Amino acid sequence: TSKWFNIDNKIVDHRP
Amino acid sequence: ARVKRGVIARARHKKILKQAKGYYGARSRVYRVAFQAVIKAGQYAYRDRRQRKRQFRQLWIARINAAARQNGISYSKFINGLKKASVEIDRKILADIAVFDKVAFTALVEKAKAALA
Amino acid sequence: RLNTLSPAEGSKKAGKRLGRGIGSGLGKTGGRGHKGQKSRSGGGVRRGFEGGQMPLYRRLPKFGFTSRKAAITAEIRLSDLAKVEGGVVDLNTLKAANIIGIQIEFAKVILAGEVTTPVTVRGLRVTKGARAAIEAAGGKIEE
Amino acid sequence: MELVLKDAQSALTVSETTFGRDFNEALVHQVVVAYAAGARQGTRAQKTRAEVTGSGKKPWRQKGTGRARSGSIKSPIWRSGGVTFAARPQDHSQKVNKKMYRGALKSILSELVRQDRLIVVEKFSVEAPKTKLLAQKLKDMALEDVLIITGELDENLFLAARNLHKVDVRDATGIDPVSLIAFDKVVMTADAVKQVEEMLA
Amino acid sequence: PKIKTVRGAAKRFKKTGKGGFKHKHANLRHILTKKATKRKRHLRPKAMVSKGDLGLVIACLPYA
RNA sequence: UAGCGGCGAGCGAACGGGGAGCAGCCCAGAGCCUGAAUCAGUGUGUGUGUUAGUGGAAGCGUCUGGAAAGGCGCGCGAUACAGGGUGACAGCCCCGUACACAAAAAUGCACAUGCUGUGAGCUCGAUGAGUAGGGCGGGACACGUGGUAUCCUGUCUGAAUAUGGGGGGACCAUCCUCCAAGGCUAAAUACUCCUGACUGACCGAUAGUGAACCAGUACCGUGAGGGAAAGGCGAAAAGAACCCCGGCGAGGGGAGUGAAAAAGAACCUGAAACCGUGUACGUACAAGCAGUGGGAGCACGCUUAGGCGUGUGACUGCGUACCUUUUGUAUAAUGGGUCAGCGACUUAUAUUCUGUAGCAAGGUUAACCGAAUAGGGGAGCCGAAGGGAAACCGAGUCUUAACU
Ligand SMILES: N[C@@H](Cc1c[nH]c2ccccc12)C(=O)O
Ligand SMILES: [Mg+2]
Ligand SMILES: [Mg+2]
Ligand SMILES: [Mg+2]
Ligand SMILES: [Mg+2]
Ligand SMILES: [Mg+2]
Ligand SMILES: [Mg+2]
Ligand SMILES: [Mg+2]
Ligand SMILES: [Mg+2]
Ligand SMILES: [Mg+2]
Ligand SMILES: [Mg+2]
Ligand SMILES: [Mg+2]
Ligand SMILES: [Mg+2]
Ligand SMILES: [Mg+2]
Ligand SMILES: [Mg+2]
Ligand SMILES: [Mg+2]
Ligand SMILES: [Mg+2]
Ligand SMILES: [Mg+2]
Ligand SMILES: [Mg+2]
Ligand SMILES: [Mg+2]
Ligand SMILES: [Mg+2]
Ligand SMILES: [Mg+2]
Ligand SMILES: [Mg+2]
Ligand SMILES: [Mg+2]
Ligand SMILES: [Mg+2]
Ligand SMILES: [Mg+2]
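Going down the list, the sequences are from chains A, B, C, D and E. When you read off a place in the first sequence, starting at 1, and then add 8, the result is the number in full-length UniProt numbering. When you read off a place in the second sequence, starting at 1, and then add 1, the result is the number in full-length UniProt numbering. When you read off a place in the third sequence, starting at 1, and then add 1, the result is the number in full-length UniProt numbering. Just so we're aligned: 80 in full-length UniProt numbering is position 80 of the fourth sequence, and the numbers increase by one with no gaps anywhere. When you read off a place in the fifth sequence, starting at 1, and then add 1, the result is the number in full-length UniProt numbering.
What the hints contain is simulated information worked out from the structure, not anything from laboratory work.
No more than 25 Å apart at the CA atoms, straight line, and that leaves these computed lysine-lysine pairs for DSS-like:
id, chain 1, residue 1, chain 2, residue 2
1, A, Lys11, D, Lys58
2, C, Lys63, E, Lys35
3, D, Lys63, A, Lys11
4, C, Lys29, B, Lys16
5, D, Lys95, E, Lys3
6, E, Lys36, C, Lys63
7, D, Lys99, C, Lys84
8, E, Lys47, C, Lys70
9, D, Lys63, A, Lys18
10, E, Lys16, C, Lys109
11, B, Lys103, B, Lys85
12, E, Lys3, C, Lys39
13, D, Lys6, D, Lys139
14, C, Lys63, E, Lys41
15, D, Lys95, C, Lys13
16, E, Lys19, C, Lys63
17, C, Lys63, E, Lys16
18, B, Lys5, D, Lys47
19, E, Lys47, C, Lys63
20, E, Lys12, C, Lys70
21, E, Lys23, C, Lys63
Only part of the chain D face toward chain C is listed, based on derived beta-carbon distances under 7 Å:
id, residue
22, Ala26
23, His29
24, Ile181
Just a sample of chain D residues kept apart from chain C, beta carbon distances all over 12 Å, derived:
id, residue
25, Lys57
26, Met141
27, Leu153
28, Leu164
29, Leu200
Virtual Cβ for every residue (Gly too), placed ideally from N, Cα, C.
Can you make the complete structure from the sequences, with help from the hints?
Following this line, the structure appears as structure tokens:
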């Protein structure tokens, strides 16, 4: 499946 | 008609690895890596066939020069002499004689000096 | 001798293969170029299409009207009739000599040159030049 | 064009146009090739992705797994199941114009004489349905490999030779292009010659 | 399967003798009263499809 | 093609012609004569196929070899040289093959009849109404309502009846042609779960069926359902008695079998990535795509030396991988851990051009017949005439009253 950090929004969204 | 393939394949591959013999690590083991190593070796060669003629000429010119200076005359003047020395033409390599026959050289230097007088 | 036959030279052009390596001349991209609609499986655009611009066969007006009577009128060459078989070139008859086609109901004779054997043409129409050529070869043109 | 009738030296007299004409190699080569094609049957396998056995479920998510895209388990790129351009049974029959076929036979006959590989005879037949007989006739006639085109064809001449491998026997209509070239010598009865004479016009 | 003629084009071109195509001019179907008689006059007789469009038309009328 | 068509995309006939196969009959009814044609269901018979079967020709010598079917020699059968097998490739070793034969029983198919059911035949009659047509709404016809014939009917209607009625693509006349509103009907046509036999310029274990294998299995899923991997010792098991180390082990070494054991069952061939042992040479003052040009030394062969082959490569000139994508990439932009196997411009039908071949003002046939790649079949298609929307005219024609 996918690692938790990839699914998680705060770490992943990082630069909008 | 289905084509087996793969007997001709390792033919192509081994054809390359053989050319890679001697190279370090993957360059001699791993085709994908070897096929590159094999090409660039080729590339340098094609280049360095032309370089070879450059490298040696300046090798010759370098030692022509000391011997000339050794007989008290720069390379500049010394080739100009031989040029002007009533025509006359003679390879810069063949000035080999500078290493193996130093009287013959000095002898060539004089002949050159004379034309410059 | 069954392995000594060979075809006429230049009767069997090999034919592009493409997609097989640098040397081939048609490797990688396969003569299709780089990107765009025209590359890509099933690419291309339909006939007549010229970008979204109004196409020629639509800028220009229609002007038809199909005779339908014309479809059943044949034209006859002088070169025929000699081949009619029976010296009478008739409403059909030509039809039987396979030079008209059943459905036909009308026929002109047309100066398409060369008539020799005297022949009488019957129930057809015939041009000024054709009549003259027929008659001048001993022919007869009764309606 | 006269032909040495071999046994009862008699001469047969044949059409110069159908027995004395120049050898048109290309033109024959088209017909012999054509005949070899059409020998073919279709009969052929291979399942496009549309016909390999599996469901049409996407093997795994478009995005997310660290994996290549993947769409159908029957994809030619994948292992079991594929074949991009799977063949179908197909028909290799070529045309060959009427006038080209005839044109080839003529170039072929008119070359068999020129190598005297064609020996024409008044009558040819074996006395009983026994291979050994025919084997002897050929022996006596100095022959192993032979086509022997008979006039009307008889029972015994056929049953002999059925088992001799390099020798076949055909009636007048049975003449095909490969055979004329196939055998080392074509025999042909003078009776058959006249048949062929006309068949080719 | 046989190619299908691009039916619309069939109704706007006719193959000529040497293999040309001839068509009716545009610009002559309405809003006429304001156009010179000279202009309208020149737009009556049919005209050959140009060299540049030949490619198109032929691809539309394989059975022309 | 004619037509249909946001006259877009597309859809696409018929007339007539050549072929395959051809077949025609009942009811709407009563009288006489009566079970008379016929059809099915059925019993029997007969023939013919089927479901077990029978006979079936002819080879030996020697050489190599573990083994002959192979080579060489000399015979022999062949209506049998299809094919498989046998210690390597067999017409004559085996099983077959050609060919000739065989059915106690049960059956398919034809006829022939028995039994049942059924009606035949002649005379005189009868001739398909909630139908045709119409209105409204849809649907079918190549045809999108269009000038739209024709067909079907959900809805509301509704005739004529042989001096009658339908159709001939709006519609009318004339002409011509057919008889709706009841049915039956064989062949040419379609298909292959399955039976038999035969064939392939079809695959050969990542191929070919998912499945060459005890596979729809193991496995996954609540379930529908998904769905693998995995073939080869040898000619023959002759599949290793017995001895030794070891834990009455694992594993191993001898012995023995065999042509081979390096064919030992984790078994034909045994590649590559990858990991070791051995030897030669280099390497612990040296900086980078690791090679390339030069190049000593060392080890090894040479040669008779002779700055020669092979291996290594101090030192040294030059030198930022590949693909892709880009105006441009060492790029710190993409893709690749490595190897092996697989993995991407095909096929069919139309059309046009080039080459080439045939024939030539002609060329060629399609289906189909077939003595089946032949021969027949010219229905037809292309061309020899063009111009015009068209009638029509024709080496001209169109334009216009007419063309310099
Ligand atoms: N257990 C996780 C949290 C988590 C679980 N699943 C996730 C999916 C998406 C994001 C976060 C999570 C943690 O270490 O915090
Ligand atoms: Mg230079
Ligand atoms: Mg690209
Ligand atoms: Mg672009
Ligand atoms: Mg492009
Ligand atoms: Mg005709
Ligand atoms: Mg699906
Ligand atoms: Mg990955
Ligand atoms: Mg497959
Ligand atoms: Mg034919
Ligand atoms: Mg107008
Ligand atoms: Mg038997
Ligand atoms: Mg036998
Ligand atoms: Mg009626
Ligand atoms: Mg019926
Ligand atoms: Mg498999
Ligand atoms: Mg294998
Ligand atoms: Mg092994
Ligand atoms: Mg050091
Ligand atoms: Mg370093
Ligand atoms: Mg430095
Ligand atoms: Mg950029
Ligand atoms: Mg670019
Ligand atoms: Mg660069
Ligand atoms: Mg880096
Ligand atoms: Mg990168």
